[PDB]
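Encoded as structure tokens, the following chain is the form deposited without this ligand, with no partner shown.
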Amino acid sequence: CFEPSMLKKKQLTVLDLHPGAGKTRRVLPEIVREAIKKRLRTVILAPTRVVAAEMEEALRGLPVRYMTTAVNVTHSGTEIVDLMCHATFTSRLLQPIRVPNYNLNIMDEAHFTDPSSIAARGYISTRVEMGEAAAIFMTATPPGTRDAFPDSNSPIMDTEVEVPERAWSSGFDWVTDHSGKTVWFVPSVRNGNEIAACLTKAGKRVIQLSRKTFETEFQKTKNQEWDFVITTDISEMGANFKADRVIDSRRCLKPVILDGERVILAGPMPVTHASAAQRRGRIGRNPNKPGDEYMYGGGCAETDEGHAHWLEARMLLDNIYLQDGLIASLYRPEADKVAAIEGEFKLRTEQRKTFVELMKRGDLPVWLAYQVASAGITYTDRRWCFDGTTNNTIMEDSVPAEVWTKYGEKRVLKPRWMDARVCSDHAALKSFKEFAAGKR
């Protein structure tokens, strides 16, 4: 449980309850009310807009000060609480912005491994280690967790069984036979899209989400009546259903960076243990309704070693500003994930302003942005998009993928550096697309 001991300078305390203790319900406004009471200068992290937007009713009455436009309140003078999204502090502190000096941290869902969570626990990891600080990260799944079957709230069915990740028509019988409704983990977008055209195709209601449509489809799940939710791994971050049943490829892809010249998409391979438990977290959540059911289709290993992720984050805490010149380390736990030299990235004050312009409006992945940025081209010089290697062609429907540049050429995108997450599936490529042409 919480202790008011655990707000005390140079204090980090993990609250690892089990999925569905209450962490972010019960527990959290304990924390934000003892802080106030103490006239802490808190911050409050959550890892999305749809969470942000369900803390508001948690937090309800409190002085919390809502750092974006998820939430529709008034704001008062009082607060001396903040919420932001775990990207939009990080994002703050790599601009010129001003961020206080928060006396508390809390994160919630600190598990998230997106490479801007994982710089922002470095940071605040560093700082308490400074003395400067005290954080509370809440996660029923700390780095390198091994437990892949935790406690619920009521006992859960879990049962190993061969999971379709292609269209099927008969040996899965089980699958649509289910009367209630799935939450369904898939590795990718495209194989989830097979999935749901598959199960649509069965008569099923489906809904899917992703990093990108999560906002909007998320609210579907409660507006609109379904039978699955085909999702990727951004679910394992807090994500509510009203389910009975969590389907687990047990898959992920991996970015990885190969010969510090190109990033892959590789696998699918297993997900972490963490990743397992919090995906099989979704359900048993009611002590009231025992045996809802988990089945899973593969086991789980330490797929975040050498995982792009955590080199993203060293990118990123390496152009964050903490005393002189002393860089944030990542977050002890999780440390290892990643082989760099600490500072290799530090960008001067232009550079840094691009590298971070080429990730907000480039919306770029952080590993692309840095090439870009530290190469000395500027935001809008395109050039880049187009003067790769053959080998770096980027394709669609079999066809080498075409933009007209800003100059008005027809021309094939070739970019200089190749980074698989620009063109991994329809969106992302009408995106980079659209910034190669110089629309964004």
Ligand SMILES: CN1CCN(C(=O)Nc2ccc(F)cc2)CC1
Given for the second form:
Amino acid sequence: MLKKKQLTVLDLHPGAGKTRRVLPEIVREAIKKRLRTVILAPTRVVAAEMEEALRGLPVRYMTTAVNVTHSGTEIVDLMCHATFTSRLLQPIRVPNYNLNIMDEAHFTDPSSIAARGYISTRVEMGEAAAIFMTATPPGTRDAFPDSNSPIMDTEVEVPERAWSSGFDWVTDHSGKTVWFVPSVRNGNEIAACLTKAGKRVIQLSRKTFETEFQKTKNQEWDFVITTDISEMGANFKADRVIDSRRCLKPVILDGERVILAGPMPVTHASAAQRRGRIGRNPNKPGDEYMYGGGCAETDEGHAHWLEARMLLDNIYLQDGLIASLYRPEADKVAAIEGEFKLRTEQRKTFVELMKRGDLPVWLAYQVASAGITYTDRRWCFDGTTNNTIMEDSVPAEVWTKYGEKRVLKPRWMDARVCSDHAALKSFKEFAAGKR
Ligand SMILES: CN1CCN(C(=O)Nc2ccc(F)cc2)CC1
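What I would like now is the form solved in complex with this ligand, since the data block earlier showed the form deposited without this ligand; can you produce it?
The next block holds the full complex; its first chain is the one shown before.
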């Protein structure tokens, strides 16, 4: 596994012990062989669970999710997938790790795809070894993998709106349910319906994940309503998963705007990870998995793989060479390697728009490639009338940094900046020059 030029896919079933049993064994062996090693966690919650599994081993935690006093002699670093890609993009020196371990390697956010691309390229070059840990590698077609204990799988119509009748099985249950919804707005409606029926509901999404996930441990709950972020190693003490089997798909139209298409079917890998939240206790057989649709290969033409190419085109590898996507996921995007490579100043703007600006990769690239500087927000107001962002059925308005009230009408429209109330609030602050 640890030899140069080797990439191993550790694909044991969900709950088989990849993170808590296998990972410490690999790390102990890497330390014995003096391999400079990186361990990539998908989220801060996983980074904290990894410190518990690796306690006693000399690991440098490059995350504020863990409060540890680092000796300075560690040769094993642990950080999130996003932090690894961010440090590669920034002028900072990232060590040339001999062994690269990615946990929850199925993560399809642009920074995780780019991290796989870079690492797999280094392995192909003969410079490093890598281990990708996931039950569902790219292209898997099995939505029903093995589990620690038998699961009751039932195809059933699942509500995606508030309901008054016809779904008694949903509320008649007396255990704990994790329910996967296609979007934050859809979860808000279902959570309100369940709360009105007397249930205790916790909601999780990317922006609220670390904070709200703690509530699943600190208080009693009946339902967790979550987007796809809970496919990335989130553990619950639940006995049922309700799975809409739907997700939103960012799609670039005519190379000039991004829409959130769908809801549409999830991939088999997503379905297997959603189901994989339950059936984890060998002493509790009969956990239920209720699913409301089929799977499809909705990662084909999905914006995240084009965004991963934008990030890889702007990471130094060697001279003018550019890292390729990891081979099993390299056909998801029609893209030319190097087409998004930016000159030094525009690249710095692109990075700052993602890091400080908190903009989606595609949108950050359109602004930087137009030669616009980070603090110049005129583009948030000079788009066509059809790019007007709406707030409760009327044009959204902001006071510009000049003190003028203006309608929010970006030159490039990316639906992700206004997909929910929190996203629109953050984009309004950006349009106003507040960060
Ligand atoms: C609304 N989102 C929040 C998270 N986000 C991000 O994770 N970007 C990023 C891109 C590249 C990279 F390498 C690391 C992070 C910015 C936009």
